[PDB]
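Single chain ahead, by itself, as structure tokens, in the form solved without this ligand.
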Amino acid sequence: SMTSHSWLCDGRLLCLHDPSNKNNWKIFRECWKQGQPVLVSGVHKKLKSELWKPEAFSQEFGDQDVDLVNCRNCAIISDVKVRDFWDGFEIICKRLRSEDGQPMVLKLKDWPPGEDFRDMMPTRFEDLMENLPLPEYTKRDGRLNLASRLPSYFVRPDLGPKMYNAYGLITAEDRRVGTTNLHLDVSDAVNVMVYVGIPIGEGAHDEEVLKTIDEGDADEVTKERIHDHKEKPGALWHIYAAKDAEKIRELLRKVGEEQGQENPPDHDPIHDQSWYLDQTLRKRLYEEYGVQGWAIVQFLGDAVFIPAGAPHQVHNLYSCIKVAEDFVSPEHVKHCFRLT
């Protein structure tokens, strides 16, 4: 039957079922005050689906100049066209090939550039902002968003939203690679999965996706959403509590040293955005430092709420279009304060 919510991560993750339920705040605010991420499903059913397709972005913006990133080695592909990314998003026979003749796994960098989303894409901007869940927290002028109400003693978010556009990781070797490496944000954010592209040509890449979720430590109920309801899984997240950030820095300093990196005792491996915690590193974090995380599979139309200060990493399973908006909740304003 229809229900207001359910739980993932063995009861540790709230999943809200109705993105426009005017009573969601009553369930949300207790989990949020405790420093937990939250998932909201069904946002895709509220959007104009024709605005969020890879073919539309190619047709409308394809002649713009852009840089790409190669996800396998972090190398920059300089001064190519927006269409060189979008036309290979699902059709593997159209992707830029590395010099080994394999199709590359690419990310579109800084697009739209800086704060230009609203000017470049006004119809998309309105469609996203009017359908965000928890609107008192997430709208630019929400009653519980302090972004526009704080003095310069607080770090304020840039004007959003921001897009995260990248191909899926494919091979067994790619299982230990990040789409986006471990980092943290001093603002809160909501990240919405607006499109999942399941490729063709080299399409039938279903079994390595299940091994990735299993080794990723996904709970048994999360595994039922694949096998039972057939929704499209986009990306595997690991999120850690803001309180655990220093213990994670202690682990990554120790591993940097073991691997022959030469680093001052105080350098910040989270701010560096150079690490992806693979199954080996995640087990070491739990066993050596006592730190547990949240393993989250983000399906089409899932909104992931990411607490200010919480370290997080993302591994795309298929090609994904995500759009995120920053906000400043009262529960987490301490994380952006510039003193003590």
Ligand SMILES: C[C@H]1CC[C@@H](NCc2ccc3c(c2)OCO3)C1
Given for the second form:
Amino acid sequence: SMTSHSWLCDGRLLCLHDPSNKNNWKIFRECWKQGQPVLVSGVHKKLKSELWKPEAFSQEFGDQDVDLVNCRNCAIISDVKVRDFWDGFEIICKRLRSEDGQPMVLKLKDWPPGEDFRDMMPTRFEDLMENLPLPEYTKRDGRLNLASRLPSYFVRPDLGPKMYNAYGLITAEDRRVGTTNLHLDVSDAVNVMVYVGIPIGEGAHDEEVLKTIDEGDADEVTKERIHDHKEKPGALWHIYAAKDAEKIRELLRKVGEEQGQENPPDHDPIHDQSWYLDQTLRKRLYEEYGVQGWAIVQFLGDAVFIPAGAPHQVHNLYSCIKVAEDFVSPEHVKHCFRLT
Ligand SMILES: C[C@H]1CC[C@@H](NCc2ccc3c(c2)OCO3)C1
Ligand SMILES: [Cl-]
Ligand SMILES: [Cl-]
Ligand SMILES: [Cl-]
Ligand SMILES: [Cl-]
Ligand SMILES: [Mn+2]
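Could you present the same protein in the form deposited with this ligand bound, rather than the form solved without this ligand shown above?
First the chain shown before, then all remaining chains and molecules of the complex.
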């Protein structure tokens, strides 16, 4: 039967089922005030699917100049065409190759650039902004979004949204690499999965994805969404409460020192955006510092709500297109205030 919601992460994560239900705020605001992330499923059913295909981005924008990132080693591929990324999104035989002759796992950096999404793609902008869940929080002028209402004593978010496009990580060695490294944002965010590309050429890549979810600490109900309903899984997230950020900085200062890094005692390993917490580091955070997080598998059409101040990392299972909007809820405005 249709239901309003369910629970993931053994009851620690709210999952809302109807993205446009006018009563969602009643269930949402209790979890949100406690500093929890929230998942909302089904947003893809609200969107115009033809506006979110990799072949359309390549056809319309393919002659623009861009930089890419090699996810395996963080090398920058400078001043190539955006079609060189999009044409290898699902077809592995078309990807740019490293020296070793393997196809690369690539991220498209800062595209559309800065605040230009709305000017470059007005039809995409309308389709996303009219279908975001919890619209009193997430719309530019919603009643519970303080972004446009705050003085300069507060850090305000850039005009959005921002697009996040990257290939899926493939090998057993790739299990320890991030698509986006561990970082935090001083604003709240909603991140929507608008497209998942499961490739062909090295297609049959199914079983390394199951060992990644399992070792990723995903709950038993999340493992049912794969085997039972055959939904498309895009990305594995780990999110930590804002109150645990300093304990995570202490762990990463100790590990950087063990690995022979020579850092001052106050340097900030989260702001540096240089770490991905693999299975070894996640277990050390739990055992040695007492910190538990949320392991979240984002499927096609899932919207992840990330609280201001919460450290988070992202690992693409398959090729993903994500679109995110920043906002300033009243529950978390202390995180962007400039005076301590
Ligand atoms: C705009 C910047 C000025 C200081 C920074 N805010 C630090 C902060 C405040 C409150 C917290 C917290 C961290 O962790 C839990 O509660 C943001
Ligand atoms: Cl908080
Ligand atoms: Cl458009
Ligand atoms: Cl709302
Ligand atoms: Cl990163
Ligand atoms: Mn982020």
